[PDB]
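And now, subunit A:
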Amino acid sequence: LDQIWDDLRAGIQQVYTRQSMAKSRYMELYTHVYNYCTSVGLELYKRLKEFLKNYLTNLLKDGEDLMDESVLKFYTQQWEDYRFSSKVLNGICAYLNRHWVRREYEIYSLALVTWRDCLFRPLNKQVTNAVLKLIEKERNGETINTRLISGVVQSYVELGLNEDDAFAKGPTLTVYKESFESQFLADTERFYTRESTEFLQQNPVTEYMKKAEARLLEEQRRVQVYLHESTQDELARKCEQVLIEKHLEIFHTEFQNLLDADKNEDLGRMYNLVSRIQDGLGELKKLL
Partner candidate 1 sequence: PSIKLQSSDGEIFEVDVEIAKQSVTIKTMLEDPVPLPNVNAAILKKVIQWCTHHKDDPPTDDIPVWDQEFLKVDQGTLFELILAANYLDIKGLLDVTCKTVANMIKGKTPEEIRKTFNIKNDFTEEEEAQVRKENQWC
Partner candidate 2 sequence: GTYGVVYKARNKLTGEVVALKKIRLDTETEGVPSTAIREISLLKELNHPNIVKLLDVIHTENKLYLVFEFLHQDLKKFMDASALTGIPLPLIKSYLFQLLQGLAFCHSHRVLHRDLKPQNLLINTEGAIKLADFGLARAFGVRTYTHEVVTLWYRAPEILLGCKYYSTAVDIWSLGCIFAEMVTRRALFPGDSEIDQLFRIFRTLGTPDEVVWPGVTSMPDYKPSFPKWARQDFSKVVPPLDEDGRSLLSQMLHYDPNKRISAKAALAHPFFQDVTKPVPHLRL
Partner candidate 3 sequence: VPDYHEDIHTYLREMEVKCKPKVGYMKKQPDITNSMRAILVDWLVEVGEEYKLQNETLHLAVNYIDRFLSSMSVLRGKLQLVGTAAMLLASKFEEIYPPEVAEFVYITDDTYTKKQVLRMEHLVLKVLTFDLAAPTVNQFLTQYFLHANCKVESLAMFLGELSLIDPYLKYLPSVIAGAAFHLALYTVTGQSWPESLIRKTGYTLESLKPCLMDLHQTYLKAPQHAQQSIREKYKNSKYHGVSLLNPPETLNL
Partner candidate 4 sequence: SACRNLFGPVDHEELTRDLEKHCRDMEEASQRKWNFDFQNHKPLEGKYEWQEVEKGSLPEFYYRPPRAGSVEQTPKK
C-alpha cells in the first residue's frame, strides 16, 4: 500500500536522530506494520532496504575525510547511535520477522549488512591506521582514551558478516582477524624489533632484560583492556619471538659473564625469559 508508507517513513526518520519519542507513536508505527501484513510484505522489505541504503550513504557523505583522531570520535559515535536506533527499528517491524522472513533477512541483520557496506569505504583503513597511530603510545603518554579504541574493537567484533552464512552461532570474528589483528601484530613486531636493537646498542644487558620484562607484562595487560580476548596467545608469542628468541647469542655471553658476576636474581628473570621460549635451557644448562 501507499498511504501507510509516507507516515512509516516519517516515523523511521524520527527514530533515527533519536529524541526519545513516546510509546503512542511507537504503537502507531507497529499498528501500521501489522495492518499492511494482513490482507506478504516483500514490497515493504524492499522499501526498507532502499531507505537504509539512502540514509547511510548520505550520512557517509558528511563527517568523513578526517584521516585521524577525529575519524574515531566520529565513527564510534555514529556506530553506537546507528546500532541502537536499528535495534529499536527491529523492535518495531517485528511482524515481518515472524511470517515472511521465515520463508527465505531479519531487519537488524539487514541494517548490520548495510553498515558493513559502509565499512568497506576508506572509513575502514583510515580508522585502523588512526588506532595504530594512537597505540603508538606504547612508549608512554597517558593520553590513550580507551573509549576511543574499545568502541572500534567491539564494532569489528560485531560486524562479523552473518547474512545467511549458516545461522547465528556465536563469536564471528572473521572481520576482526582479517582487517585489524594482522596489521596490529605486524606493527607490534616492527616497533619492538627497532626499539630493542637500538636500546641494546647503548646499554648493558641487565637494563635490557628489565625493559624486556616490563614491556612483556605491559603487553599482556594491554589486551585485557583494549582488544578482544582471542588475541592474547598470538601477541604473547610474537612479542616473545621479538624481545627474545633473536638475541640468544648475547644472552649466552651475558650468561657467561653473570656466572663471572655475582647476581643470583637476574638468574631468576633470565630463567623466566628463557623458559618463555622453546628449548632455551639446553644452551643455558650446557654452558652452565
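Inclusion criterion for the candidates: all candidates are chains of the complex that A comes from, given by their letters.
In this section, contacts are C-beta pairs under 8 Å (C-beta built on N, C-alpha and C of every residue); 3 or more make two chains touch, one makes a residue touch a chain; residues count from 1.
Engineer: Which one touches subunit A in this complex, out of 1, 2, 3 or 4?
Structural biologist: Only one option touches subunit A, namely 1.
Engineer: Per the contact definition, I'd like the list of subunit A residues that touch candidate 1 in the complex.
Structural biologist: 23-24, 26-28, 30-31, 34, 87-88, 91, 94-95, 98
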